[PDB]
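What follows is one chain in structure tokens, specifically the form deposited in one PDB entry.
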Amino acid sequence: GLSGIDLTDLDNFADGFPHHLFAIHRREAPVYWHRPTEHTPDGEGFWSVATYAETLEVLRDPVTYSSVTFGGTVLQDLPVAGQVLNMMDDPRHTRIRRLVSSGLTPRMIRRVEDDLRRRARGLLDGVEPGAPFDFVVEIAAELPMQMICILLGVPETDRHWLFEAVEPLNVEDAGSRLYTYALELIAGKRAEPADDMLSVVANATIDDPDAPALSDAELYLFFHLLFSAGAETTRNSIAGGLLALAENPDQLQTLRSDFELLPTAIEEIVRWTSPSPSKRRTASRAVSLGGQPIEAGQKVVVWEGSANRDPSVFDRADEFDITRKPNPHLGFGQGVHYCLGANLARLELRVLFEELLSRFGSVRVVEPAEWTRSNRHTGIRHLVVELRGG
């Protein structure tokens, strides 16, 4: 069973989150030492955590399970190793998280909502009914990218040009373009503050020596990482949502008939899709997790993607149900690092599906979904659909 399963082998992730591997994991060893293979980061083994109770226990103890432990086009050769908020512990984490939260202003969130609703309408009004198209390419990717650019204060004219560097053309040039751009943007917001999250965070000076404000290079890292990954997780929830609804047409009809069902439906979409299905932590001290001793310094990987289908907590865990109650999913994390984007993601999903379902009661997926090759993101690269009134 587990002894021949390699969770670092991305071939196991190329076709979607491998739920069947995680059923084995939960049954055989909730908490398991995963020896390093040819495919494993740093040739370092780790504790792999697949059940809900133990995953939640790790998330809820940031003192024992430290978040101090980048792909894409992110610059790999900066002179200094910056931190990003999700890799911080207290005291610095608390101060920076509070700062980022203070950047999520009501006026800016209204701007996102208005822009989303306009764009969602524009895009859906442009669909040719019944004609196949790639939902990811034409709609799902666009809306969160615009949201994340509004949040980070990126002028509209620069957004797709930036998205090309974030998601390509070579890695060096991409990263260099983004670093220059980010640093110009930061400089501009310091000279003329704007009502956006990046401006608030960039303009901060903190007097605690153990909790300094973000450096310029750290602000670039934050910009790049959140742009890429906040856009990606959100689009994956949208695309995976459409797919789940298309595979359960009776629920689609129920939902489209009563938008008061949408908030609960959105929680089930996040549970089902679990776009960010794994996290790293490092044990800071000897401790036991589910009766397994762990030593200080050892890596821990929790799998929310597995926890969210744990049959000890979710009845009929392997079925999608838009009316699921209760639904204590971990799709947005839990504890001190809980997703600061959770309401933003849910807004994206709510507006898109309201606009989509108002117009189309028939959703057909006409080619197999193509999944991205990753165990850090569960995502759909292409989803070819036909939308009709129905």
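C-alpha atoms forming the largest set that superposes within 1.5 Å between two forms make up the rigid core. Residues that one form lacks are left out of the comparison. Numbering follows the first chain given and starts at 1. Compared with the form deposited in another entry:
- Comparing the two forms between these two forms on the rigid core, the single residue of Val313, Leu104, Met87, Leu78 with a CA shift of 2 Å or greater is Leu78.
- Look at the core-aligned forms between these two forms and you find a single run of 3 or more residues with C-alpha shifts of 2 angstroms or more, at 70-82.
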Contents of the next structure:
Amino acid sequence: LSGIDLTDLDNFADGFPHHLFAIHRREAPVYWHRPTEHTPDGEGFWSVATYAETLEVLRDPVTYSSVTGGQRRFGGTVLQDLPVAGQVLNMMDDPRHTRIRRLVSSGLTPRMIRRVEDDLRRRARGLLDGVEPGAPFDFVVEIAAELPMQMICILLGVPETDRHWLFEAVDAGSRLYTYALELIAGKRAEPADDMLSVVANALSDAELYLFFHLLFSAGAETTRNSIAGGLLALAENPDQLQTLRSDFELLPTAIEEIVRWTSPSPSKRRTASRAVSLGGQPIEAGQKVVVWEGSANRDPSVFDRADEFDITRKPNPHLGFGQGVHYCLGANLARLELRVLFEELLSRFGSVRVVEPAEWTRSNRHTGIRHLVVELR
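Structure of the form deposited in another entry, given the form deposited in one PDB entry:
If you are looking for partners or other molecules, they are not here, because only the chain is given.
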């Protein structure tokens, strides 16, 4: 570990570096990672690679705060300190966290979920009906990116007309900002039956924009990555692809294994609020703690054959949707996207070939695939 820099994004340019996290779990489940020239804030942090310790952190939100601790002015849930801490739901603590979490969740009505689902089935069919069998195309740009973008546009009440223009936005920061502000003002003047309207008509003007941005570039991006990643895992494990396409009652379990395997959000930060021990190491109030769900999800202490993709895997207590009070509000929506996409795809196609090497997102906050060129037959 003394020669390994988890903050050097060159180590994440080619996918989540599971080899380095096997070293981390063996050598030091919990350890103090000294800052390098790549480390945000120039500051060291406790790094946690094992499942037990990751879960222990997630399950104690008083000790390990999503806001700040000690004398640190602001923290948040990514490695760099951000003043958005306290101002967006994922970066709030009780009591306001609970109030906002429930407000957002009250937007996920049965009818909204049907509205999402009906659109998703229509779209996934149209997209898969338009694939020329055998012809190479970029699965990420043509399919994986589209479905979740439409899902969150529907959740947030983005007019169908604006959706592709809005996507180019994720002058880009500017377009996004000035568009969302108008969309938000519209829902206040004229309430509509969507999540943005629920929330806007209940957060400060500024916080409502940060909420919009978050769903829009975390909810869409993570789900897109699960889909692209799942297709890649299935191309690389073709006997499992055949087993799965023979028996769609295997999909619930296959989907949980896709999320475990891909871990689209593989890292999470907190800030200690008090002296505490974790993994036998003394943490002081104010110090940063980074947990790596991407590593925890391959911990051989918890998962048998952890480095193998197994669509029949049970049990599967993965941490790819988080755990505890901040658990993914979108977990059933991401599963829904995955289920429909793979039902429609695997129905038509039993052969999936990746014809160029996957290009990965250069990041340790996301594990994502920017381009995936495939042939489906």
